[PDB]
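Next up: just one chain, as structure tokens, the form deposited without the ligand.
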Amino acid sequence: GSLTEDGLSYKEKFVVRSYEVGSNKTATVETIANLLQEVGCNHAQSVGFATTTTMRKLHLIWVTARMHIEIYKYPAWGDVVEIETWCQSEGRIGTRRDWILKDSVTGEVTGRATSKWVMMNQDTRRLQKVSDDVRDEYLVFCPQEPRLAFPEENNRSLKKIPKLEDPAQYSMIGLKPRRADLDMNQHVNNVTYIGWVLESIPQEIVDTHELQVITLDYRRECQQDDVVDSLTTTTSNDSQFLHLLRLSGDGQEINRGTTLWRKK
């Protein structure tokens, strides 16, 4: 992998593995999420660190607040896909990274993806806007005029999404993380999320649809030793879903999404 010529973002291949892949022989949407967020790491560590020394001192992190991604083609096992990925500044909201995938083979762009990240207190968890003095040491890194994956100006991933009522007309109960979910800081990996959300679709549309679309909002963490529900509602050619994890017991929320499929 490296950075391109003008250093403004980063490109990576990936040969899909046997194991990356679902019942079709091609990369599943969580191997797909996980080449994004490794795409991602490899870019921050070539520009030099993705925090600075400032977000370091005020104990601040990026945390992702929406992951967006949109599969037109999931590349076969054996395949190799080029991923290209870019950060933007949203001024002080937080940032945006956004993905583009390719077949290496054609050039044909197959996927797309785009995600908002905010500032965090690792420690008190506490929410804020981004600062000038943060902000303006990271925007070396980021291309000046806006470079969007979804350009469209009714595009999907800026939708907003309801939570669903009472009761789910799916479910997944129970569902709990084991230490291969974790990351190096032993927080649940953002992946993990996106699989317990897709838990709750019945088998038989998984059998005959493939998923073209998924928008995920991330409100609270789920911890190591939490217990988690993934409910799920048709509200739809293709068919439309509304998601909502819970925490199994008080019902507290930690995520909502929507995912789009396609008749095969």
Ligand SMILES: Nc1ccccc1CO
The other form holds:
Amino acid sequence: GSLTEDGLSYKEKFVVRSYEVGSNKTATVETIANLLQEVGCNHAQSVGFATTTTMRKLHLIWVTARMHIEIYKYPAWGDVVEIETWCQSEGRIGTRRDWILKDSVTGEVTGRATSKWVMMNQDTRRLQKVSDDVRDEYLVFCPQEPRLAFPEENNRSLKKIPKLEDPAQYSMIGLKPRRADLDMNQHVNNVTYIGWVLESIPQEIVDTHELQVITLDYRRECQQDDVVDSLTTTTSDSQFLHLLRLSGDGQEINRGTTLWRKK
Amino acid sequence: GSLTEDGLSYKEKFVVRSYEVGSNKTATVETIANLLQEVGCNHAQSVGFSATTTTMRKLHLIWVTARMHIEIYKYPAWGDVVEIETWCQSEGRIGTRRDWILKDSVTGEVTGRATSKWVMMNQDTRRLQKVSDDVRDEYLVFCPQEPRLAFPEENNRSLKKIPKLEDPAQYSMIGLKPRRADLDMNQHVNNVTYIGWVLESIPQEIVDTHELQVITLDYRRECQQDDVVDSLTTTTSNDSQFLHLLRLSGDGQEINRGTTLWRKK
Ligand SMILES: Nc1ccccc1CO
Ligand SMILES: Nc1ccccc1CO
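Please give the other form, namely the form deposited with the ligand bound, since only the form deposited without the ligand has been shown so far.
Every component of the complex follows; first up is the chain already shown.
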């Protein structure tokens, strides 16, 4: 993996591994979400970072507020997939990171993703909103002109997700993260929430459908010693509404929507 | 990745990924166990397997894991390159054995090694059977004729008998269920998930102040997609030793048993 010629985006090629594929012999959406996380990690490292020099002083971190992923074709075990990523400023609101998944052999676009990131104090978890001085540090690594993975005005990535009302049509209760679900800072990985959201999807839907779109909002972090409840309701191609909440009190940690197509 | 010059072993280099490391900034034992599984899958594919042969597919016979022993000297950090060399070996009518050697790509030193025992079984009836002569001829051409052991030692800890954990267990992790990410392409619980479940009962205090050096894990029964597991641990000892037991939360049917060894940082 390396940065592109202009240095305003990073590219990396991945070979799909045996343990990374599902029952349909193609890579899972969690494997794709892991490769997006990995390519973004190396892009940050290649430009010296995704905390900055100013951020580390005031205990500031970049957190995920929304993840939208659209897949056209899932790479089979053995295939090579090239992902191009890049960050972009969104004023005082935060930072946006986009991805383009391509076939290494044909060069066609087989998927695309977009994520909204917000500024937060690691210790108090307060929003704070992107401040002066710290914005100019990373603006130099972003294309000055708009480069959107989802350019279409008023599209799926910018839609408002409603809260699932009870009773949910489907549910997966008592979901706890393990040590493999935690990262280097002992926090639950952002991809585990995606796997938890799809646990409430009925097995029959999975077996007769392919996941085309997934939009997932991040409201609260699930701790290592927390238990999650996954809820789903058909709102329709098949569309579903999702809700992740704490098993006890019922505090909302995530909400989202998925879209599936017939095979 | 490619086979070696003689074609009696396969080599593959992996770069350690960000999501593959633990709290120590180094790759986890589950990441290592995944790379061992992946290098073995490509070695089988490079010599025309799927790891079933022509005769095994015809009789509905599969290769199952009966034991996995892994010893790590150094865990590769995020960014480091690790070269793994694997090879299969015939163990007569008992079954086959597969070994691994983990090396540093920069220095070339051995940073870990693994060994696994595999047994012949009927895919449908789940009944174990002895390896027939006609099957043994089909895979022996891809194995070194002379013994090549990753753990050659006179008294190595890979061939030791593991006892059954008696109740009450010192530590426990109750209500463990596999998810879709824990299943493979045939909807079976991945062999690495059992390792992660075994280490869930290890206290967080031990993990934070120790590094996992050895892990021996016996496979007795497969955990279904709709099954719930209970993980049990008891200290049996600078070095810390533990006894482990995975069983169904309900009836208490044993699915796994093993031992781990940890050293002080
Ligand atoms: N942001 C985000 C959210 C979910 C999954 C993966 C990523 C990449 O970091
Ligand atoms: N054999 C075995 C056992 C446990 C984990 C991984 C492997 C490799 O397939």
